[PDB]
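The chain below stands alone and is given in structure tokens; this is the form deposited in one PDB entry.
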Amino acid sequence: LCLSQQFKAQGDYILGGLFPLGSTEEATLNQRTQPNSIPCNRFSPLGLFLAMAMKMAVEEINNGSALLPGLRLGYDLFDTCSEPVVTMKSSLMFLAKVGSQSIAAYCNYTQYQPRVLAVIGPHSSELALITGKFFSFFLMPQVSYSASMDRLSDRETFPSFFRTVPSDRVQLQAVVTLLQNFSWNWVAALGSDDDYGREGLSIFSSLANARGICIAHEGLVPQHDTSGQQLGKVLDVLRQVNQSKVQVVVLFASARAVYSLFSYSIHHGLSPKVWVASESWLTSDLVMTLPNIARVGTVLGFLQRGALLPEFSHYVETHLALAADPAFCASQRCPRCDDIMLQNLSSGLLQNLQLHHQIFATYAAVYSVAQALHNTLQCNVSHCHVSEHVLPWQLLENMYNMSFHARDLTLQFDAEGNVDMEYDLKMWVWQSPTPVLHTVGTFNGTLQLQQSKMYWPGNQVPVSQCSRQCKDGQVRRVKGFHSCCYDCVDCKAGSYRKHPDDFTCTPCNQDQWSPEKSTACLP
């Protein structure tokens, strides 16, 4: 097929692109001894679909005249191979000098001409960090789909990183707003022991402390189960939940860990709880396949509301049909992409047309870069100030205060590089013969929520309180991972409250007595 040949196109300005077009054959994941090149022949459809989205966006920009009238926009796409070494190899070629095979070392780098205008960023957060530290020394704009870690928000270390997906902090803010709205003050936090849960747990704990929600305990859970020791630690965590008397659990964990937890919970029952889901978990059927899941108690979470791109399906099918035409070769940038005849795709993900959100995000990233260039050239309806060739650090100024139209949505990067985008609140319906997700609210910075659609399991709202003040008659004990809570003990008859700020119920003298919950010791 003629497919890999389609991934580069000429233009006055060229967008670079990093995509997961494939990965290295699995046995290759072993230590390098000599700096040879790495094979990456394990083709993947996900990267193909995302690259097709980028190509569609650029072709639309070339067809129309709402942006960049009379001049040509191109692209040049490389595979990340999900591999840091290959990613760095590809990333360097973007910054290499124009039409040249080398890159040069200079002190202050606002003096230089790379061979691309901007880079549409990599898929995974690890590569996003690795490349963002690199590109931002050159101050080349990087617009990333699918990278949601909050580390990349920092303008000091990632001054040129942009993304068309919300950071995890927005989702966790929605979570904390929900907890406040239902007055669930005493909660347990769980996250997968991979880096995603690490970041999520840190952010959630800090926000909860700031907003006055007390975390009972903060447990990492195994990303996958392979050993009796991991089963041991997860069972220990689950019994620790019960010991805390918590009723609401925030489970910001990748789907595999949650599937493990609920496998055990179904096997030995535990007890019903309220679970607030990571969006990455809530999306998946895997957990919901477990038998008689209604035993678990209500599952809730927030879901991103992306726009439609119906024309994309026919675009992909058209270009695949063209790639199958041997005469279309007259119309090299991927390994084995050219071997993929249409059965491999039509038997699978093509019938699905959360991948949708990433397709839209890639489209919007291309449109954002095009709008930024349209601004920098200060184009009229039919004219542009093209007298000088733009440099990447010049776009960077315009991108912080523009707004761009992603085919129906109006989007703009905030002061630290994130799009402002709203969420749905969804709850699993279990009254039907099968689990169904239903929408019961929205978060657009404020939690607009519809109480009448909340089918709670006991037909009554769950509660999880802790005391943050104690009465005159009760003595304090502290609890919580940050000493956020108290609970109050009734100081018994024959003992008395020494003073209202003390931590010890005090026995009354041997010749004296006191009532129940007494403040005094009496003759």
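Positions refer to the first chain, counted from 1. Heads up, when I say rigid core I mean the largest set of C-alphas that superpose within 1.5 Å between the two forms. Compared with the form deposited in another entry:
- Considering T434, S452, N108, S382, one residue stands apart with a C-alpha shift of at least 2 Å between these two forms following superposition on the core, and it is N108.
- Relative to the superposed rigid core, the position of the CA of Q223 differs between these two forms by 2 Å or more.
- For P462, a C-alpha deviation below 2 angstroms is recorded between these two forms after rigid-core alignment.
- Put the two forms on the same core and the Cα of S518 is off by 2 Å or more between these two forms.
I have the form deposited in one PDB entry already, so could you send the form deposited in another entry?
What comes next is one chain alone, with no partners or other molecules.
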């Protein structure tokens, strides 16, 4: 094939693109001793599909009169290789001067001219953090189709970072609203051993205290089935959860971690609970294909509602065919893209097509940049103010208050560079011969539940709540990972409660007696 040649195209304004368009062998994991070129010989289809989405968006924009009339939009794409060094090389090339392979250390950039107008950012949060500082120093507008870490919202450190996938905070807010709706006030929270694994739990624990939910228990779970000591940790976690009298569990972990935990729970039986999933662990094939999943109980989770791109697969097939055509030569950034075969991947992976709405997110990012440029040029339906060349820092002023029409949706960037988005709530009916998912409700900044469609193990809603208030005759004693709720104790006869918020009960004197829950003694 001749396909690596097609990741660059001419135009009046050029978009940069960082994609997971390659990978490196494990031998690269050692400490580098000499600054030689890092090999990235290992193919990645995900990056290919994302780059094709960007190309399709730019082609649509170049054909229509609705955006940027009478001028051509260009691009050139690079592989991040999931490697910070290669990513840094790519970004430094992006900020180099027009027509030159070098970047300037000036003090004043009042007439500097870098070669790209905007950069469509990387697929992972680590590289997003690494590149965002650099890009946002220069006020280069950057748009990420997948970087959900909350830390990226900070406008002080990332003044020019935008994304078209919601932050994790919105998903956890939806979960918290779901917990409030059923008054599932007393909960246990689990996550993976990795950074994301407790970043999620930190955000959830911060959210819970602001709204009442009592995080009774916290912990991390491994994704390493062979690690016997960490399996000891998971056994301890499950015994603790069972001992806590909790009935609802929030589980932010990765798919394999949940698979391990649930398999162990199957074998030693555990007890049924309500498990609340995450975009990471949802529609999980391995988890749903458990031998006897019924021992788990109810399973729920929120999932993003990305719009359709019906023409995408035919576009990919068409362009792979064109890359196979020997005449098309008349028309590396990816070494294996020229080797990879046509049929099986492009068919099967797009039939298997998480991937779909990230493709849509890339498309929407391209459209966001195009609409921002359209506003900045103040284009008419047939005019633009082309007397000047728009510098990147001039887009940034116009990108915060825009709205862009991605396909059928209308979208905006909020004050923190995060898009408005809505979720479906999906629940597992596990009792059919194979488990089935149903859309129990939706979240659009507020939660709507179709109560009539849900199922429960006892045909009645499970409960976990703990008391916070107590009667004037009841002693209060703290419980919870935080001091959020109290289990009331009715003081026994022969003792009295001296005042309604004391934490102990006092015996009566020998000449006196008292009934239960009394505040006083009688002779």
